[PDB]
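Consider the single chain below, provided in structure tokens and representing the form deposited in one PDB entry.
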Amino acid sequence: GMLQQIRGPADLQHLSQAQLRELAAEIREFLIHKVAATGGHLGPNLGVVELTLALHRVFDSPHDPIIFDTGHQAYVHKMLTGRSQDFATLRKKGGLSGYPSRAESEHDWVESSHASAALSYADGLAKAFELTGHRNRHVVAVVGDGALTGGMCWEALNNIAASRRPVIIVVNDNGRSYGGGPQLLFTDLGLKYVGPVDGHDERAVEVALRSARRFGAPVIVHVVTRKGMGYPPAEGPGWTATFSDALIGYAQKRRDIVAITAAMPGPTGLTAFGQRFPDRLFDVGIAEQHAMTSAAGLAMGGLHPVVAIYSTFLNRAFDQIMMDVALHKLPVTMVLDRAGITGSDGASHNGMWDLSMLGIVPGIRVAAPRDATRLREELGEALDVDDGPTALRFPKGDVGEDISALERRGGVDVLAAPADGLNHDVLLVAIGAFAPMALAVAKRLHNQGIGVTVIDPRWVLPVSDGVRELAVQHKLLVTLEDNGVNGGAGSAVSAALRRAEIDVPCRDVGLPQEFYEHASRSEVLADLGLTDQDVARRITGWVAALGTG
């Protein structure tokens, strides 16, 4: 049993090639059984077993930093750096992170899962080691073919190529046979190129890595791997499926609708759209910037693009939404799935920034579906906005059960009104998927004699006349949102009331503006007090304090 004997990378040093073959087979058996139980990125990690062995046989981590781009493929790295006994807890609260973690190991450097950044870290680290006079530190960046489609890699390669400071660029390419990688050639950029190397020939990978280190300047080592290598399998109604079906339905009648994904046609629900309309689906790679600006170009050509990008990753396209789409008043609809807490993938995956970021965009119209019917209606309304950008945001998981409104008042859906004998005390503005929690809050407060109107504004931005009209009829306004509080929906509602000379007290119940550790979505929300029990308690205290000072 060799895996159990690996205390750290140096224990690989004197293994025979036969022993390394046996060890790699032990590693695959481990991954298959451990990751099947916890969930996680099985396929990408099976693909890098020999690559990771070779990296830790040639380089001296962390004196030689091994930076994983995206970081979802560092399980083998963790198993070879003292953490093989920790995988029962993988991606669980308090357990092993699904990405590298500096708190777990000195061998881990970058915790962000946002792709294509590794080479930029590498350039800065190499610059730092020169400035501090550290001898013989070899920065190694492991970059997938998908990550290599992102613009950050081009900026970093241009900067790296301007210097003889050694950076070793390991391209982990599983988009081709020895797929989702670059269409552009990177054999002739002006940087030394080694390969293509069979990334499941462990000794060949070491030979190439050793040649790269000897060269003493920037070098690209192109390694070809197979996703899921060694495991054939790898080699409840959700919001996504409701979106997919609704988009197809609208596009059957409207030929001007096109769809764009940044490398995630399946997860965004666009695969089925492309099957029906193959000429109207574009996969631009891991390139959210180009997704949005190419959408602007499509709209300048008369089309109405639907850009489906998971909330957190849309951060990369802020300036394109602002200067390429909004400045030109172009009809681009953005669909942000995985909005709000996602939980298991940690801080860099939670979609908790979109309402705050999109709120800076002049004239933007943003909707947060509360259920399946409202996702279908609001998508149709967005597709009917022809003079500027629109966005829909909704969480991962089971679609919310339909909640029909008591009445619609200036675009706002009234979901609950104060019961007879109770007054209009609290206006609870329920954003998106928090409608059920708001209704439960209203029932608890009812039992305490506190009258609550629950509304779903539908179109959260801009804040509508209906919200302002109902706000003046209540004594306290509470916004409940699955988004960071800073610049979020609650702050936007407060700002709109004050602009309208309405000074009803407002409170912003949302996610504190912090980076969250991995846990289940329900665990994160409970730890933050985003439960109907805790929210009702807070509102009780605010109501009792009214006029006390």
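Residue numbers count along the first chain shown, from 1. Here, rigid core means the biggest group of C-alpha atoms that superpose within 1.5 Å across both forms. What changes on going to the form deposited in another entry:
The only C-alpha among 251, 471, 220, 463 that moves by 2 Å or more between these two forms, given a superposition on the rigid core, is that of 251. A displacement of 2 angstroms or greater separates the C-alpha positions of residue 283 between these two forms, with the rigid core held in common. Relative to the superposed core, residue 304 undergoes a C-alpha shift of no less than 2 Å between these two forms.
Once both forms are fitted on their rigid core, the CA atom of residue 188 lies 2 Å or more apart between these two forms.
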Given for the second form:
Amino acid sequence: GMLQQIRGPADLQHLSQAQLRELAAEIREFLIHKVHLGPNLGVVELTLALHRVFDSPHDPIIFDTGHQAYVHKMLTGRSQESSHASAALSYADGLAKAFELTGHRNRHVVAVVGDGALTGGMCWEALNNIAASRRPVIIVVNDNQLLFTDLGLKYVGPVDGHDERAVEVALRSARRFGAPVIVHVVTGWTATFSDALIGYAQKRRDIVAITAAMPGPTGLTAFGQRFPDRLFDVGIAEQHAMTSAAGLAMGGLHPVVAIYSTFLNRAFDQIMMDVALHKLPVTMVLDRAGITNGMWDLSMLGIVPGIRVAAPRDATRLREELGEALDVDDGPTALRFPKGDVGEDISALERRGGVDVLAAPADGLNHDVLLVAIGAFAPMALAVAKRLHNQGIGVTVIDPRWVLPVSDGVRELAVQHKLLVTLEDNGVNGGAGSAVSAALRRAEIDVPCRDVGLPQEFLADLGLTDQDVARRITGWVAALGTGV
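Would you generate the structure of this protein in the form deposited in another entry, following the form deposited in one PDB entry above?
Shown next is a single chain and nothing more.
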């Protein structure tokens, strides 16, 4: 077909309108054959158009979803990766300023964003700074004017996204203004949380819930179903979600904010200045935590003064620490769970200082290593203790249910061992292992600590298999010696 014959954007220039119709249908058959097709199917037409008007890469086309760039990838071979939502525009603004200062204003920067990217404060920040200049920036919006016109920008549209000639005409018209222009194109872990919250609320009416335009994935829809006046979808407004919960908490209520782990860095200043500064009882619930995105939640929350963070190991513990979080009314609290299914329960042998002991060194073995299991790494921590038992090394496996602040239990147990090893589903920089090491050195305890977790960069490659973690620990115990 003609797709096989597309060597690059320049091969699209001399095509007929009928040939472009078959090329579009061929790309759609390709997109179906190699997989979000709606975005994809729309960008198919809009991209065939934006490559017949602009000369990529000399005219930088900056896609935002990273998904809409697929058809652009098939025609070029390149996307230009991940970034904060609604930032293509801010890349565009900065790129146009760079071109002016180096004498390359001849280059037209075009930002192709979806309707969902129009929301967000950064989008509002970028559109305000672009409108404040007569720098040439072309914002293409794929929908699936009054605002933009009052915003101080030219508006071109609405344009039917499936009429390639209509997009091409509007695009050439946008390349003409030499000024900013908008081209409008028309085209059971979680289940445990839900049940637990519902019951906690059937019993207390100070509980309410907030979500950043994702109650379905986060399992809050049910709360709205049973308590509709207590679920508050704030749309894509993490910064506003956190501070409304601060206001809701100043109103006598106890908010529960559900935000994905990787999307928490956005509301950080609102966690420090609005919730932690005033010691307000807000409960944050962090799904998509771990590699079971995220990787930094434990570190970021450890920076938050007076915070209490929990990482459930099983569904039963999820129900337990939720009620404990909802009963803290003098500061923020946090829960962290993975995005997989909840495995079988893991029973504890005893509770010392709030710390759950999940395994003890067998009779005849010494208290050699205290294995602090963080998040859902508890199953692997038991398997490491099962390998180290076969070698003669005695392991105490513990789940500090509340990771932050480091509980007195872990401190009491660490002095009774020769090596402390933390195992967290988080980045090692400033993570749970670091906080443990800091907490016992603050208590004049100098037991050697080792942090095992995700790297500080961007599962067998990571060494996070019970066989390799046992090797590492074996190499650590050997350098320490014998005794008790």
